[PDB]
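Only one chain is given next, in structure tokens, and it is the form solved without this ligand.
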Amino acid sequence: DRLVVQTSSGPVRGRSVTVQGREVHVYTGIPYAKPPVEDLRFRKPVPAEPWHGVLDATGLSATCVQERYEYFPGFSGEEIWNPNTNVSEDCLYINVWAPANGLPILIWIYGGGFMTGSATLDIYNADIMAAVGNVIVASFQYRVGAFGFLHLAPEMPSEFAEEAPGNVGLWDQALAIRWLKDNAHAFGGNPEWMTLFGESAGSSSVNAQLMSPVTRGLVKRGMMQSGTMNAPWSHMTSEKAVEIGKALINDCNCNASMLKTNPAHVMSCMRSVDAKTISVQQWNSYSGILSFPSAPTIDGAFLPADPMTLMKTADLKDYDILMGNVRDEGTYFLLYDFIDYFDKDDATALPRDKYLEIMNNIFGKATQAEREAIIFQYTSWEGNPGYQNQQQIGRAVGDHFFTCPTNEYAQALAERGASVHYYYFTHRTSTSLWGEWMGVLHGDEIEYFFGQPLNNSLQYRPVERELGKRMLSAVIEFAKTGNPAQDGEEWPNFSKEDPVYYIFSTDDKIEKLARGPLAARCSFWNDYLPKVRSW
């Protein structure tokens, strides 16, 4: 069977697909760890015991346990982020796309705030990327939610360290990535030619996999799409995670208080709560939009320090980073945690009642000083009263939570020596089923970097297919060379001294290279606001 690869853990059988002239053998569902169930819930992953028969790697994996958004029933645009397959803890599986010293390897880490996401959503279909880019794309489920990130070792004696260390979702990724290096050659790939790439929490996970002392050196080439660990939603102190963790582990009626005189009876209890109940109970430590109960946790291990402290010493000499943002980052989340105020589909005339309403809630955790500074920075006199006030909050959240943290991380990375290219995705895809006011939603760049516009069975305007064509190629070229730039197309490095970024759109009369606008927007958050925080 030419559709069989013998992996380090056994032969596997995949499917053949012919995309765009190339044949691709797509193997989905390869286990890379023991199903982290029963005893192994909350623990680091153990590698999968090898199998003998040819494993059926044609079915899609099961999706890691998570709840699913349905603030818009039926509305496809929401369910495309919801698990398309059965949800079970049995979810630690790999997917590998291999075309028919080895091809380059792109490993996809999905996003979803360490709380959601699956490698199997069709948005993540790597068929076109593998065929067109002639590269090996892999992906994999990692444990998300409390299943991946519950952290309680500080509250337990030393012997119980491996009971709930935290970050096992990242360890999962580490393991999956380690699995892929081992089996690179067996699928036709160069194990040293590996490239991580991901979006949001996936983008952040790429980040962690690149920086972590646990994994460092495994791969020094990463693409991060709107997700950096310095962002507030993408890192979390140990002591916070223990508070969240202690809440959940009696939110689940498991005591949580004897965690240190007789702990893992608390665990044994948490080992026998149904997953669905944790999958819903975890969210009650969520409020403060975009501060989820699970995050890369400073743990003395995978994340030994705060990300920016880690950056101070890291020397990223040989690292290639391709990172960026989409124009209207924060607008997907504004619609979600303030659906009370905003419409799915049409714009909102937001008043000033409702503007301070919303701004003051989002930022209550900050000084009145910087609260007022933010409110004034995102006041819009010249805009159509209302529409421009709604639109200015979507900027505020887009800026504070995504663009400006990754702008900051991008500058820190280049300072440490990494070769950083920055992109800004500003095209609204013609089939955006979201409200036009939300413009370029967070995640809208995914399908473009995967080359989905090239899918002639998907109605995209012609020059949108040329934007996919280009965006997909920048990812391939990056993976191949560390440099997303094309021939005769300039796209120089992004440094603090020259924070130039490429702009992907399909207006062919904008300046492709730009520096000013992003730097201005992020000067507020990254330079000025820190000064306001002086009491």
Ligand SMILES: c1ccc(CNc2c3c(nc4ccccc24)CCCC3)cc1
Second form
2 protein chains.
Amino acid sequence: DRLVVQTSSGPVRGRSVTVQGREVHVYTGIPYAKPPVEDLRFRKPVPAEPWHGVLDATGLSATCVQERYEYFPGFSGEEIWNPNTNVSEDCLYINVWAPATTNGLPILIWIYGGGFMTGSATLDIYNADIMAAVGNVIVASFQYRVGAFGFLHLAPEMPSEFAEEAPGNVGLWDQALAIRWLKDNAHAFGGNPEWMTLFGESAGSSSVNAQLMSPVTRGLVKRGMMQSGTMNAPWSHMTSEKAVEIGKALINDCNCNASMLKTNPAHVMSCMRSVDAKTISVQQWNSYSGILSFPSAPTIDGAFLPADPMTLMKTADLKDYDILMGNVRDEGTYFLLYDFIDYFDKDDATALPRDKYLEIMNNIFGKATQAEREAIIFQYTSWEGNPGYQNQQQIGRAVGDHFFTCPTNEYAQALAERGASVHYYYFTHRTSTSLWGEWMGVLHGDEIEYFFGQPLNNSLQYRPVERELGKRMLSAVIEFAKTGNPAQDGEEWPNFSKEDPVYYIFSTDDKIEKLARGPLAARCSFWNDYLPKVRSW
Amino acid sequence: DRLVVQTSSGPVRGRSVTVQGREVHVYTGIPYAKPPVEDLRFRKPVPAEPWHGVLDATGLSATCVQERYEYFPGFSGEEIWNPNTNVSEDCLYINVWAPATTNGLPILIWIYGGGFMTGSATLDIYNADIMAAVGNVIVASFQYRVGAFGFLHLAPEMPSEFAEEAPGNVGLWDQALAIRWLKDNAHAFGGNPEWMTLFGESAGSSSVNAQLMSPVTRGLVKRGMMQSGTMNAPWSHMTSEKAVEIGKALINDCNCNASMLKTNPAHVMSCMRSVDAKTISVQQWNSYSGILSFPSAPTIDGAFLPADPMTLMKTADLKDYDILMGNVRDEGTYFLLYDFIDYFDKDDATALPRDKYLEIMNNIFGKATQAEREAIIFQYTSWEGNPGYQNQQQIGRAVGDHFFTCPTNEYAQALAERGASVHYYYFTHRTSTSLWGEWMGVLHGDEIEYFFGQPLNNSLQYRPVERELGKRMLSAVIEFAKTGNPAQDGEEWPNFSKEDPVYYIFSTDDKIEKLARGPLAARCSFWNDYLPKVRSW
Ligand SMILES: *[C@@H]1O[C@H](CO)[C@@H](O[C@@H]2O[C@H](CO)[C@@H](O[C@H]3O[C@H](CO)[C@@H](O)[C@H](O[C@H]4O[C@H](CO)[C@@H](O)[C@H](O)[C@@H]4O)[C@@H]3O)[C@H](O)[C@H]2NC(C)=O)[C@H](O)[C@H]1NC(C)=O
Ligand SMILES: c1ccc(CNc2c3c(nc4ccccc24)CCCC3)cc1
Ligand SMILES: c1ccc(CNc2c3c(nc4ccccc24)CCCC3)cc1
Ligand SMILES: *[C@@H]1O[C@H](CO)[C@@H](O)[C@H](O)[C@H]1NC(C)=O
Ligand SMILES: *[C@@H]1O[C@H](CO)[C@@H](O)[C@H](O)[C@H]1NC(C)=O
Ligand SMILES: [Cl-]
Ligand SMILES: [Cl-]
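With the form solved without this ligand done, generate the form deposited with this ligand bound in the same format.
Expanding to the full complex; the earlier chain stays at the top.
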């Protein structure tokens, strides 16, 4: 057939599409690992059984076990981020979009986010049809295990004989295996195995970070785009000891005596591999404590993550790395709405009084020193405008600043200091069809559509300015993947460094200056320079 | 004669002027105390010897012993604040401007400033010709002792027999005596002794504060205008213990064995009363330590000042007090230029680098905790504009904010909380002829001319807008003195309270909103609410 490709594991046939005047061959649902079920739950992935007879790659694959967000039942803005194929443990599958230096096309690999608890490669928003066609590049995506299925970490609690029972981070190992699979099969799809770029958003972005710097994988890919997600962010890493405690609570929460873990490991694990996945998928959420602190995250395990995400870069030198990273204007509004939904409304702004500003701020930063609490609270007191709507606005900035934008800023400075070629963007456009309330502004994840080039899709409703910005943001990705540099020629987009922290504003207003330094530096110097000093007694 | 008035001490003849179409009778140089010389140096003032034969009151009186500021030799902007009559210890004289409820005219009494070290009532800038004529009110002014001549405080260091040798604050006692003199002689000048208002600026303003709240004098005047000066400001009060140390250093600095103070007081004082005044006037300045910390200030003496300027108002209730107070835009530039003249220039702005911003800030606030130093420094870091000129600008704001505007703000809130009727202004006009550099903006003391109504003087060069604002600011004073309320009718100028901290902007631009709350509250909440908390460990 004109649509069978001969992979390292066997023959597979996809389907052919015609996007933007270009034929692309779309192969979805290719297995890259054995179905991680039965005794293979919680364990590292193992390469898939070679097959005979061409495998049907025209359907969407299953999504990894996870729970549906139903905070706004029916409301579509929430459900477009829920699974759109059935959930299953049998979920380790790859997708490749392949068009119709000399030795093959570039290959871009997407890693979705969703807080290491949720997410899926099959969401329409991640369709790489347009990107491949207009970019004339190869794009791939894949499911990786999320929640306790990917991050149950119990090894310290057992004898060393049982180390591989639940080592942790196996969702990172999934990505590693899927990435290795693509490098092995790049040439078979028309791709140049040495021309690969990772890109992802939120947790996917943090995973890109992890795949680039892990000792297990360091060297295979040196070119990556991290949208709103870096491993130094608080939600993106977790101690061994915390994971063990969260882990054994899930054990107790599924009625396997976690007290027995130390003396009879084999028995407790057998119990955990007997529980219906739906039960794990629910009870893991008991250990959800406060905002943006999920019970699953990349764990310091002395294996995939040998140390803390700020002791990684003491050492290594990144002369060969090309990095594109950035943020959106209102990273935190979405999370603030969800974790304080008693106060807030997805449609209307909330005039929040002073006492309840203190009550909410003191909640979010309740684990910081009160002298930090006091300093954050003063750094975000309003004095101009109508004070009610501004209080809510300022809590949103505080959330987004502390948890996303300024962790990104800091890592960007760290990378450029060790020699990487870093380019920084800031996404400020509020999509004209956004179904969320106006006060929530430019939402976390709002920029994904644009980098994927969905505004080129004439069947989707977008303003002509929006189509233009979509064309421009997609070309940033393609040019970066192609040359390591997002900048068009005749476009100034200089390198980002601590010495010169310039960033490119992605926006639909053409009256603004699109190169800027000051504003992000002022917001983040609070978090990255000043607040470290008040912690010192 | 048509110009002799019969005072409580004797007959005195002045001269007659015709200002703004009105005849005013000007009596300058009337003695209100014995010349405080010989054994009367350092001591409290004593009422003057009654005289026979009409006393000539047509000349300017002497100015109290003090040193000339010659930082910019020749340059007139500095010298117009230097004495314009000869300096002498024999300086305790009163001036009264008297025009040509039913029982007599209102009486306004001016107290000049100059840091309790300098200043004089005879400066042209304090001429009350226009104010009296256009206001149809009585205006008086007088010299009070400054420097060590008014504030040498040694009583704790001697036996109680010698208490009156140098009790301290005798410059405040001078004012008290001159004020009592005017109340005794109000009716003789056409004035209503019960219709008195004190007003002053800087140290004079702080003295108004002291004259209104001192137990010695509380009750005589309940209506006062404090321009840029309140007793809670750091430069405006000093412990007994500091004064004693500063005092005995001056003793040693004049070669009287201050070690002998405790055992033979009479001898050491006799030595100090033998020193040429020029020597005291110079050597007192040795104890000038850092910016805005002069060696003379109102001293906590358990007599005129019974306690600290924030424990005064725990108790008393001010239902009957009418207070008008305010500030200028750039209180601190003048002092910053003088105390760091190695960096700065009276004509041009200085592009000040980051390191030298730290070096200067760390100097000014070197006695505060470093955690306060750190917090001030962050609260005044620039991020917008060209950073060089802004650093200098921000140090200026820090100086003015901490030393003048926010001490004023705090006391204003304290007064309105105890029942006083407080009205607050903010002066923002840069006089078109100001001889100081542009970066220094609206200088401390720049508003005095306007409240005195000097822009009505057609011989002085002023823009028509400036003449208008002068007419408007003078009418604020007159209406306040007349009714306790600065506001014209048909003009909104509401009361100031912590609940509603509204202030009237005095400016020549007619496009601004002249009533404002936000900006001063944001600047001062740092000094008055937040910084108190970082001091707590
Ligand atoms: C409006 O602006 C004008 C410009 O600034 C002011 O004019 C000034 O007016 C003063 C006082 O009238 C004048 O002062 C001195 O110099 C005079 C000439 O050298 C001299 O005659 C004055 O003194 C007399 O007064 C003394 C008091 O110490 C008495 O002992 C004597 O009896 C003696 O006769 C005084 O030393 C300025 O020179 C003058 N300057 C200019 C440039 O015109 C207005 O005063 C001012 N205000 C008003 C209401 O108009
Ligand atoms: C962590 C992050 C996100 C979720 C919920 N799913 C969402 C995701 C994204 N954007 C969203 C916008 C609105 C509502 C839910 C969204 C962006 C990609 C990751 C998942 C759950 C946990
Ligand atoms: C404390 C305060 C002021 C001085 C110097 N004299 C000055 C006064 C005033 N404004 C001035 C403006 C520029 C230069 C010197 C000025 C206003 C009234 C008090 C004295 C000395 C000590
Ligand atoms: C998904 O839906 C139901 C589960 O309720 C199942 O019977 C069906 O066969 C599933 N479809 C696929 C393609 O797996
Ligand atoms: C002021 O000046 C000199 C001092 O040098 C003195 O001789 C003169 O008489 C003084 N004038 C008055 C009016 O005191
Ligand atoms: Cl083409
Ligand atoms: Cl008239």
